[PDB]
Each structure stands twice: as C-alpha cells, then as structure tokens.
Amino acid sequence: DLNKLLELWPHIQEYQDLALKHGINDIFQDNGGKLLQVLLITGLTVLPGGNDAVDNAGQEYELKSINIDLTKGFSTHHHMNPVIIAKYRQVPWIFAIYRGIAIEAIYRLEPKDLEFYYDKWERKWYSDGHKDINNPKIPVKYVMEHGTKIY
C-alpha cells in the first residue's frame, strides 16, 4: 500500500496544482476535489463565498451539488425568505450530480424553470405569517426533467 502511495502521489499533487490554478486551495477539504471537476467541465470561475461562479461573459450562477447515493433532493437555504428568493430569481442554477467523488451529470436551469418553486415558497412565506421555510428541497427528478443537460 505504501508502494501505492509512491505511485499515486505524483498524480495527486498534479491534480492539486490544477486545483490551485482555479482558485481551489485544498482539494482535500470542503469538497475541493469535487468542485474542481464541475469548474473544468463547465468552464466557470469560482466566486468568493450568494452566487458561486461566473462565466466568461460575466453571468453569475448559483451552484448546487448532491451525492446521488446519499440524497435525492438539492438543498437551498435554511432560512428561506423573500429576500433570498429575490436573489435566486436573478441567476440560472447549475446542478451537479455526484456518485461518490465522481461527477455523474450536470444540469442548468434558467430562472423561469425555477419560478414554480420560487412562487410557491414566496406565497408560503406570507401565508404562514412571515415564517422562514427550513431548507426546502428541489427534487432531482425535477431538475432532470426541466433543465438542459451540460454533462
């Protein structure tokens, strides 16, 4: 096994080198090694931790990821309210689907594809007497059904 490390490490360092070039300081923390795949495939640039990335034309995106083996719904925001929703409405969303550490598929939804949920939650907020919804999920079936498959 220690032999395996000597044979595998050189490639690992090269992967980290590639990660650094794209603004990922440590591939072994906070899904660093996973985010990199999405960035390279999609050609986006990461933004400082709101919107998570931007393309060469200056279009900002909201990025959501999921481990298909652990859950079946993308998370949004723990304290969902009209302020956040207003922000969400302005940008297209990138949905990344992983299986383990590997990227399996990537979908893009335009704001109009998410209005259904935006309107629903927004009405929810006012009807329940101004109560923040706890991280409402977006079914993977929904994204696969309404988004464009980039990968």
Second form
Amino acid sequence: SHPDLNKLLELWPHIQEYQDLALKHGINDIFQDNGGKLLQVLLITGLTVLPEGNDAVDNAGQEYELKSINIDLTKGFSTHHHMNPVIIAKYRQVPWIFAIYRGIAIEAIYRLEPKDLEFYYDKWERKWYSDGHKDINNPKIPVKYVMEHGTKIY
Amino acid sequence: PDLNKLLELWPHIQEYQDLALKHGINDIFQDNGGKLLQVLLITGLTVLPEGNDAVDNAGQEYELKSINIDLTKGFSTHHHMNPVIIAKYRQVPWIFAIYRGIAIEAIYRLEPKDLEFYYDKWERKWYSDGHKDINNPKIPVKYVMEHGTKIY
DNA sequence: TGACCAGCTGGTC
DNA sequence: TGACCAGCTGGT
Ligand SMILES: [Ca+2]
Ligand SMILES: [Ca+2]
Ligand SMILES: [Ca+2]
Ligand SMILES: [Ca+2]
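Switch from the form solved without the DNA, shown above, to the form deposited with the DNA bound and output its structure.
Below: every chain and molecule of the assembly, starting with the one above.
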C-alpha cells in the first residue's frame, strides 16, 4: 500500500543475507533485542554469543555483559528495568563491554573491569536498602564514565 | 573473516535504516524497528511518536504487536500488566504481525470486543491476586487467528 | 546527573 | 490452553 514498500523489497535480499550472517553467529533475529548491533560487536571484538545471563565469552573462557547505546538519543547506558542486589549479583562477576552507536552505526567499544564498576554497584546497592528494598527502575551509567574508566577496544 | 561480509552488506542495511528514519522509526535494531517498518509499509499505517503505536488515515489509533512463531506461539503483552495498562489497551484495536524469523507471515486485526476476554481475565486476576502485576501474560496466536480479521 | 517515568519481547513448565 | 520465569532499552 505504501509506495516505499518496493524499495524495502529490493533491499530485503541483503537484509536476509545479514540475518544469515547473524544466524551463522548465534543470533537468530537481527531485529530482536538489538541483534543487528550485537553482531557488529562480536565480529569486531572476536567474542562469541552465549545462548538470559552473561552475553558473551572470549577464546580464553572469559564471559561478559554487553551493552549498547544510541548516542543520537541518549547519553546514559541502560542497565536493568528492575535493579536489585540479585541482578547486581550477576553483574559484579564479569567485565562489561559497552558499545556506542550513532543509530545503527558503531562508534566505539569500551571495556570496564568489575572494579571499574563497584562504584555504581555500591550506589545502587545503597539506594536499594534505603528506598525500603524497592527495585530501581533502570539506573543509567553515563557514557562519559564508561569512556573515562573503560579501555577503548574499538 | 565474516567482518568483511558485514562490511559489504552494510551499505544496504544502512539504506533500510535511512528508510526507517524516513518513516518515524529511530533504529531498525531497537524494539523491533526493522519489523515495525515492514508492517507500516504493508498496512500503510503511520507510527506515533509510548502508548499507542500507529494510526490510520481515518485517525484511528492502534496497538501493534509482533511475534517470531519460530520461537514462540504466544504474543507478549506487557511485562507489568495492571488495570492501568489494560484501561488504555481497551481503547484501540490491535495489529498482530506474525513472522518466521524476519519473514513477515501475516497480519491480523482484533477489536477491543475480541480482546475483552483476556482483559477481563487479567483484571480479575490482578484484583484477586492481591493487586500484583502480571508478568507478560500471552495471547495465543491461535486466538488471534480465530478471532481476528486477516489483513495480510 | 540521580531519579523517576516508560517501551519492545522470548522461555517454560 | 495459564502463570509464572526472564531479556533488550529510551525519555525526562
Ligand atoms: Ca544479560
Ligand atoms: Ca546486555
Ligand atoms: Ca504500545
Ligand atoms: Ca505495541
């Protein structure tokens, strides 16, 4: 019905090829949970996806939590819609990989070690107990903090 | 390795993203943008700038839902379903888009009339459950197909 | 920002 | 088949 549709059809074959490339890499839907972006991070860093929980591992066995952000829209990294010590429990264990995008375009990739994150885990932990054991609705990690505390791996 | 293929494939992927922006979709890889765009272009609907999602030329607003029947057979509704969520939901028809991976299979339409069955269920359960939010109660594709108007 | 608000979904017994 | 269990985020 909408005319632009024929353009989508011309494009679609290549899109399907990208999906195949993502499927070849453990991602089954490039349009789900940022699959399309996650692939970019994997192919660049040489990390592999893990089939909930940690998101990836390197050839050394190290597992990681991976995060994305569209700098064209926001500056604070999302974490979890219901943060609490149990969620912070999983997080504290592995280093994180933060990817920065301008839309779907990969800008950079930083890597923070658990130590680089205690600060926020402590804040959230502190606020948790205090607020009367009330979950925190997606607290954010500034892109600035990531850039100044992580290691630019890309 | 495969990084090359991705780089080759990229110009097009970027066109699709340009095409989505044009149609009010910020990221094709976020919140299923790439798929929302497919439905808009087929149905001819227009996105809405996060309650209702699209609207027709007549000005009728819709709640739009998607699914990969390769993985699941139940439509997600809301992670924290409560009588407020429901109150709004009750105001507009729904567009259900069925997919096989990234391949759009079909699209259906449901009137609030045809969803009141589930609204009542969640509401009653919410109230009698001690006012506890329901964690993403699902609407079966079989229900959608049997009570909805195929529009694709 | 710190802190509130609010989206899109799959997985399973 | 209902009812629980979880994930990816942006907006102010
Ligand atoms: Ca995770
Ligand atoms: Ca993540
Ligand atoms: Ca909505
Ligand atoms: Ca929707």
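Each form is matched to the other, and the largest set of C-alpha atoms that superpose within 1.5 Å is called the rigid core. Positions refer to the first chain, counted from 1.
Novice: Can you spot, among 130, 11, 141, 137, the one with a CA shift of 2 Å or more between these two forms after core superposition?
Specialist: After core superposition, the one over threshold is 11.
Novice: Align on the rigid core first; then say whether the Cα of residue 31 has moved by at least 2 Å between these two forms.
Specialist: Yes; that C-alpha moves by at least 2 Å between these two forms.
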